[PDB]
Amino acid sequence: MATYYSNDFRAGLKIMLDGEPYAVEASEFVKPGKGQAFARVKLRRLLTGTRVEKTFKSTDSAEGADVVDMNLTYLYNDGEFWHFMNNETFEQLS
Amino acid sequence: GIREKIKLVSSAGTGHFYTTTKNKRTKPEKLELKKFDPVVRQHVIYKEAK
Amino acid sequence: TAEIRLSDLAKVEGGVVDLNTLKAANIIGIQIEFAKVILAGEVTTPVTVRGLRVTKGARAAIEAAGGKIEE
Amino acid sequence: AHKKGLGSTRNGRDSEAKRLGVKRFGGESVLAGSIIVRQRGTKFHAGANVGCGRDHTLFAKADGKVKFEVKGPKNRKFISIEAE
Amino acid sequence: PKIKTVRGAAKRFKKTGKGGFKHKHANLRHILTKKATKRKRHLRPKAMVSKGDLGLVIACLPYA
RNA sequence: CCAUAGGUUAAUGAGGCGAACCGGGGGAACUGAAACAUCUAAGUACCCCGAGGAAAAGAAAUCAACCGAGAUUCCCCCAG
RNA sequence: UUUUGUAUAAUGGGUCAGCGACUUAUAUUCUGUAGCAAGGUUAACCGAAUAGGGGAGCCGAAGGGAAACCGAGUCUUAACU
RNA sequence: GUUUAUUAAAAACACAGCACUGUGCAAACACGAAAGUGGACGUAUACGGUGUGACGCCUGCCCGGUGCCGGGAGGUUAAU
RNA sequence: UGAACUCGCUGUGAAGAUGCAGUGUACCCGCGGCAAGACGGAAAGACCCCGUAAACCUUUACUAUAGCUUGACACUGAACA
RNA sequence: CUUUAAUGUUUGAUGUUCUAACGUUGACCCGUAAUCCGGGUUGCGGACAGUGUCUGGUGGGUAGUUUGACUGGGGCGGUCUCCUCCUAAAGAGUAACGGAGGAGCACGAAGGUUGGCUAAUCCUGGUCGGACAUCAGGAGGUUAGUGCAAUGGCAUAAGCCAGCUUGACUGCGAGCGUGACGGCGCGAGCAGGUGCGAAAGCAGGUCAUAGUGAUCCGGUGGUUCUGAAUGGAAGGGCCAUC
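Residue numbers (the deposited numbering), protein chains in the order written: chain w, 1 to 94; chain 1, 3 to 52; chain L, 74 to 144; chain W, 2 to 85; chain 3, 1 to 64.
What the hints contain is simulated information worked out from the structure, not anything from laboratory work.
Beta carbons are placed, not taken as given, at the ideal position from N, Cα and C, and that holds for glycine.
Wrong hints could be hidden among the right ones.
[To be verified] Simulated restraints, written as ranges between beta carbons of each label pair: (1) 94 (chain w) with 28 (chain 3): 35 to 45 Å; (2) 18 (chain W) with 31 (chain 3): 19 to 29 Å; (3) 37 (chain 3) with 27 (chain 1): 19 to 29 Å; (4) 102 (chain L) with 4 (chain 3): 22 to 32 Å; (5) 11 (chain W) with 38 (chain w): 17 to 27 Å; (6) 129 (chain L) with 10 (chain 3): 47 to 57 Å; (7) 38 (chain 1) with 138 (chain L): 51 to 61 Å.
Using the sequences and the hints, build the whole thing.
Shown next as structure tokens:
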């Protein structure tokens, strides 16, 4: 369980909301006089995944999980489902 | 974070148990340590559980 | 439950001691179902105790004055 | 009146002080089990009738007077107790 | 009207023989397996209330 | 068609007011919790109906403890 | 009056007279005091009643334990030097 | 033309026109714990809402976000 | 509108003096004028901050709810596919 | 697993028909000199709709409230807990938005014990071979290492390897140190029970200090400790613990 306000996630930090979990590509920061600060966070969808655009204010946080991206090795095909293979821990995957 | 906790269930008739932490993703086998039992007053080998 | 000293023991009525006649002496109460006798000191009369729970020391004290304790 | 922007400070972190040091000084009659010296490393080593806790804490193992030595080839400080 | 005793204090203390109060230590509800055995033995029996926080206990319960 | 609904006349009874008390219908918020949503405030304030000199309840499908007490209301306790 | 600090150019008061602010009930606690004293005291109520009856009750003399229990001991403990 | 009566009369609002959309009439919608009225003793050349504001020339591209509309297969899903 | 027998100056001072210290000038008292001062009068600053103050307004802030909407039961039945 | 029926299926999904519930803000008749309402045939609807209870979705149309603090004004930015050093003025303690770094762990061996060992980096010689692999020798001296920052520390080594093992064990604990307190920290030794060493002895974690949060509520296991008349159980209590 993690927390990330809009002054924390800036690039390559996954967020989780309802879901599906998204990814931040690039963002700017505006701290304007009279009013609250915000950030034009250009998010990126992960599942479908085309795009989503939100303008988060100083509130609020979002759950960051999961982030993990790593190199795999394809070796197997059977019917519908496929599998992969690691080289740093040698663990199966579906 | 990584190192979760386990429950050392006594293999004797008592319901006493020790608890400790073991990293499952390094040595995935069970622990068979041999400690004191405050109920039977024996030196029973303990077995790993959740 | 209620605890009873050895001072308020020679004034029950006569010699007999039970849950009643200690209730009339107003030293235990009305809602009492269990009563005991505890070594507290200075018992004189041959007190007869029936149905109470005399711990250890008043049994060596009431019999030292001439009493008999039964269940 | 104009007001320019102000920076930040990365510093500003300190600990609770651990109250280390010599507790009972020399020629002071102590009871058995009294802490004599709290220290991180063994600045003072344990001499006669003085033990060493796991915290490198030199504790008294008998009654008597705290005594400081300069014994040893490496010129180090020991702490002894003359049993009184 | 009479004084109403705070019920959160009467269920956490008990009157001793000479006016003092005993209490239960508070470290004993969760992740204790990170603590040592010596920390989990001296917190098991009851201990007395220190005199620095004794006047608050007497004031919050007059009857007991 | 019968009969009703409806119409007219008579008989007796009711309408309205009142200082508080009582039963039922409806029912807040400020405040307290050092904020606040549960809760407290409080079934209080108030609105409405109805009855009396008092009103309401009331002669156990009740407690009790394995011994017994015999409807209701009110006061002191039990007990913060 | 409020303040680290006021002749302060800090606040208040035109002056007079009248009124105007630490209380009341019920609990509990401590000191002083009075009565009785290992015992003390009655509450409502009957009452030709601030008299006398009324001991229902409250507090103290025994504590320890979470509790059953045990008792000048007791709890923790298989037992405690 | 109208408006901040009591410091702002305007570039504000209104306006005919235009377009989207709702509504087949016991209409939509509004008021009302409800019955009932408005809409209307009208009924799509009618009515309600929204945006723009005579007129002349015009009003381009984007359906991802959000809202609306349509389809129902598959997945998740309440009381029962 | 505290009381005044109510000067200029430089300096000190809660940090810009008719009252303090030094020094200078000035008989006592009105009327007509002018507004530099008495941090003049009038409004417990409108701005700023503080208060675990209030008020409305906004929204994909939180928990709710009117209304709209779906399904089951109820009023609610009978023949066949 | 699937295509395929025979069956008692469990029953839903709709789709026609019928009328007697219900709708009728259709006409006609009457109460009635009455476009309200009520009764009467009849016509069209029709078990749909509509309403009530339960329930999911939608819901600023509306209501109750929250929207942190330090701060060389508020804001903005930054910090909030813990650890090392300096500021800190030769005990301790000591502030600032003062100078600098780290932590929200790891381990069943990297713990316990017994036995044995002593580095860094240069220099020379040496197959591939080089600034840097391994080997041989010396100078050199702990400038090395210590699971991880920093100070303190360590050669009797806490640094490194191996054999054997689980004392990283239960009930205590005289005593003091440090805190307003909640708490934290050291603890000889006793009792039971093991480990290693022939033996003396050592071990209730790791060289030490960071690796962590109080309560309430809730879950698992054990223990008649209680258990609303009794005998049980539920729920509580204790203990281990999430």
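Outcome of the hint check:
Evaluation of the 35 to 45 Å hint for residue 94 (chain w) and residue 28 (chain 3) yields a pass: the beta carbon distance comes to about 44 Å. Evaluation of the 19 to 29 Å hint for residue 18 (chain W) and residue 31 (chain 3) yields a pass: the beta carbon distance comes to about 28 Å. Separation of residue 37 (chain 3) from residue 27 (chain 1) is about 28 Å and conforms to the stated range, judged on CB atoms against 19 to 29 Å. In this structure the supplied range 22 to 32 Å holds for residue 102 (chain L) paired with residue 4 (chain 3), their Cβ-Cβ distance being about 25 Å.
One distance hint, 17 to 27 Å for the beta-carbon pair residue 11 (chain W) and residue 38 (chain w), holds here, with the actual separation near 26 Å. Our hint of 47 to 57 Å for residue 129 (chain L) and residue 10 (chain 3) is violated, since their Cβ atoms are close to 33 Å apart. Checked against the given bound of 51 to 61 Å, the beta carbons of residue 38 (chain 1) and residue 138 (chain L), roughly 53 Å apart, stay inside it.
Violated hint: 6 only; the structure is consistent with all others.
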